[PDB]
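The chain below stands alone, shown as structure tokens; this is the form solved without this ligand.
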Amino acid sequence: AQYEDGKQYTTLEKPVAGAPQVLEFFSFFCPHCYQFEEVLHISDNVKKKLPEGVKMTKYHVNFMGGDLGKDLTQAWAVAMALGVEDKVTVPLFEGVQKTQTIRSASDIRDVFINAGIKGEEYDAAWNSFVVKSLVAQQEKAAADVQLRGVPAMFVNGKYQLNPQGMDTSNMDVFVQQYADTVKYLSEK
């Protein structure tokens, strides 16, 4: 078969019922995640290969970066609650990995302020119980699949993408194979 278990994807031993159809996990501390966002634009290219309107979900994880890692999961919950993911993803990545100017929760907050989210708006969300359950949702989703590594993508709670089984001599061909694999898995 052109696509087979163990090559472009692996199959979860215990599938996860009611999981988001396309679910990505990442960390602002994760170097491949940085490339997946800035150099490869994986989420964008996957979306362009799936039917219009289908739900793609993207969640942050705690297991990289200790205290700041958890702050960033809460900040990502803020970003999702306010709908400003597209505004803060790049400056958070660069603040953590490129300039290394993000060292505290205050520094994370500055990224949002510079992105134009008002201070009162950020702080009210940060302390909201709506963001607490959004944090809980990100944790539960990752715990359901015993996630020990990012970047990760799961399809229908059943299939996990295997980018190590794809060729990386050409960055565009890799993004293609990844997006085409998500499509094939989604139709499975």
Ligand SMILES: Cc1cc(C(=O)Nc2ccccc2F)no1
The other form holds:
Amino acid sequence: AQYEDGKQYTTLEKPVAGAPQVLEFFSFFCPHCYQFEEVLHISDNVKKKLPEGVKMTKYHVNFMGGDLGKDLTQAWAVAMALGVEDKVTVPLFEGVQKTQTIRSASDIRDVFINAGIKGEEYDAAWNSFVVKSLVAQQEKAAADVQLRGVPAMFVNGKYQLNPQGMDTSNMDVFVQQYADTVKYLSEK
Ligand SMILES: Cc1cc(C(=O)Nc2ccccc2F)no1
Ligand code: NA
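Next block, the form deposited with this ligand bound, ref. the form solved without this ligand:
To see the whole picture, the full complex is given below, headed by that same chain.
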């Protein structure tokens, strides 16, 4: 077959009911995740190949970066709660991996304030139980798919993308194969 179970994707032994149709896990400490976001724009190209309005979800993980990694999961919950993902993703990746200026929770906050989120608004969100529930949702989703590495993408809670075997000599062709594979999986 052109798309083979065990090759370009793997079938979860324990499917996840009610899972988002497209579910991505990442860490701001994760180098391939930085590439997937700012160099390849995987999510945006996957979105362009899927039907209008399909549910795409992106969650942060705790298992990289120790204490600051877990602060970033909570900051990503703030980003989701406020709808400012597109304003903070690049500066958070740069702060962790490029400049290494993000060393504390206060440095994470600085990124949000520089991006235009008012300090009072950030602090109210950070301390809110809406954000605690989003943190719990991110942890539970990772536990559901039994997650040990990022970046990772899961489709309809049933299939995991496997990019390892794909030709990466041309970034545009790779991104196209990735997105067409997500499309194929979503149509199964
Ligand atoms: C924010 C943010 C998201 C990512 C990321 O890795 N996206 C991604 C792309 C394709 C497949 C799985 C993925 F998790 N990095 O930063
Ligand atoms: Na194509």
